[PDB]
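Start from chain L and add chain H according to the hints.
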Amino acid sequence: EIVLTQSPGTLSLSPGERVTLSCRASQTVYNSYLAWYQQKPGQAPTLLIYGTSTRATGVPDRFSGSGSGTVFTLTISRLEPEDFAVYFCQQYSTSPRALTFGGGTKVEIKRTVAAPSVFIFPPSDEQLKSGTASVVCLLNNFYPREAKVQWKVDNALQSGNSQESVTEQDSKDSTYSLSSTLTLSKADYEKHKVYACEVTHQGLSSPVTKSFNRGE
Amino acid sequence: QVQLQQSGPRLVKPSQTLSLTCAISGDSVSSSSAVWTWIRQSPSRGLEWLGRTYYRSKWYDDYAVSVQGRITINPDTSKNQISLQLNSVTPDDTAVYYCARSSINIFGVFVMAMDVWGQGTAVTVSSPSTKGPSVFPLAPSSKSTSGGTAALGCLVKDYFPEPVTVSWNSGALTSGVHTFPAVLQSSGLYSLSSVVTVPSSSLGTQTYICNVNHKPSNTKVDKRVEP
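Residue numbers (the entry's author numbering), protein chains in the order written: chain L, 1 to 30, 30A, 31 to 95, 95A to 95B, 96 to 213; chain H, 1 to 31, 31A to 31B, 32 to 52, 52A to 52B, 53 to 82, 82A to 82C, 83 to 100, 100A to 100G, 101 to 213.
Treat the hints as calculated values from the structure; they're not laboratory data. All the pointers check out, no bait thrown in.
Ranges between beta-carbon positions, derived for each pair:
id, chain 1, residue 1, chain 2, residue 2, range
1, H, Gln81, L, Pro40, 25 to 31 Å
2, L, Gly57, H, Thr160, 22 to 28 Å
3, L, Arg61, H, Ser31B, 29 to 35 Å
4, H, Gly26, L, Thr93, 23 to 29 Å
5, H, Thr191, L, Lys145, 35 to 41 Å
6, L, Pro40, H, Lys13, 28 to 34 Å
7, H, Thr160, L, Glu123, 22 to 28 Å
Computed list of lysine-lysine pairs in PhoX-like fashion (alpha-carbon distance at most 25 Å, straight line):
id, chain 1, residue 1, chain 2, residue 2
8, L, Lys183, H, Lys209
9, H, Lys201, L, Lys39
10, H, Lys75, H, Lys54
11, H, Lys129, L, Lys188
12, L, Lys188, L, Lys207
13, H, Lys117, L, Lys183
14, L, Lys207, L, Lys149
Cβ atoms here follow ideal geometry from the backbone N, Cα and C, with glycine treated the same way.
Chain L on its own, in the form it takes in the complex:
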């Protein structure tokens, strides 16, 4: 059973640069049987190269495949922002009949630092009727991905009662966004007045705080 090992696992490069992706096979893969795919978030993979070096129909000329034996290479001559994706190699063996994929290389796009815009959302009256209060903080369209969110309730730093998640890099402007949810019981939410999300990021000269007063 042929194992395909892709390197590097993740790459971060500026548009305009040349990208070189490597795929190493544990034993010989014959030239007709090595293919490459591009997979953008939320989508099925699409075929990029087949037969080691043949560009699939419609694929931009900036993509090319090469190599032989046990080492195969996918090159992007000049990276574009829309090329953010995971790239996979794939081999088919006729005897025994087997089909395996490499683990993928994620090509991330390096762009200028971008500060987040920050927004805070109180719990809805509808949710409060149900006994729980979710307070949401949005950090919109920033780069790089590292960001710090601190929740304060009546100026007391919160810990252990929030969860956050981050979008994949935007295909157009190459930024991230982040959502953090502070979850309180209705009783606790009603005990306090000032709710604040404080955001630290490389693009901000000093931290940004967005807040509201419950009932105002």
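Same frame as chain L, now just chain H:
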């Protein structure tokens, strides 16, 4: 052209059977120029081939060693589809399942480069019952919109399993939409947010509605979001 339309998301109890379908348009399932294949993808294990079926004067199946003995891939010519049956599932079978076509033939061999893919079916192997989400508005304050930009959203809370789909204005609004990965709460239920930034000067003239669809529970919610 050629399109492959797969089952919606599925929740399967451990030890039970996963059944999926892949409906083909723009080709014949019995085409001697095609091979039909199932592939799955998980975060932990990546892309894994499961098997293929194809017609050459008779039907053939080839299955991957990892699943041989509990997998069937059956064609249905009257429906022009292929199916997948995977028996005795475990949580390791939680994955996005894809059907795909391969038709590229090099020197008489189908080299199994996949040229057309279905949209994927998110399968969760787990014992809890389905539960539909509650949908709450994320309304921006008055002051936050004093600038040019208003942030609006929906909180999609307490559902199981993944996934949910969120659109805005029935798909008419896509620019500036961000739908975040769900997080798993201590209850074992998921919570997700979806937001969009829009011009504050529209908040009086334009309606904004988030359309939430949780197919496993047949829950559909359209929530108007008014700052």
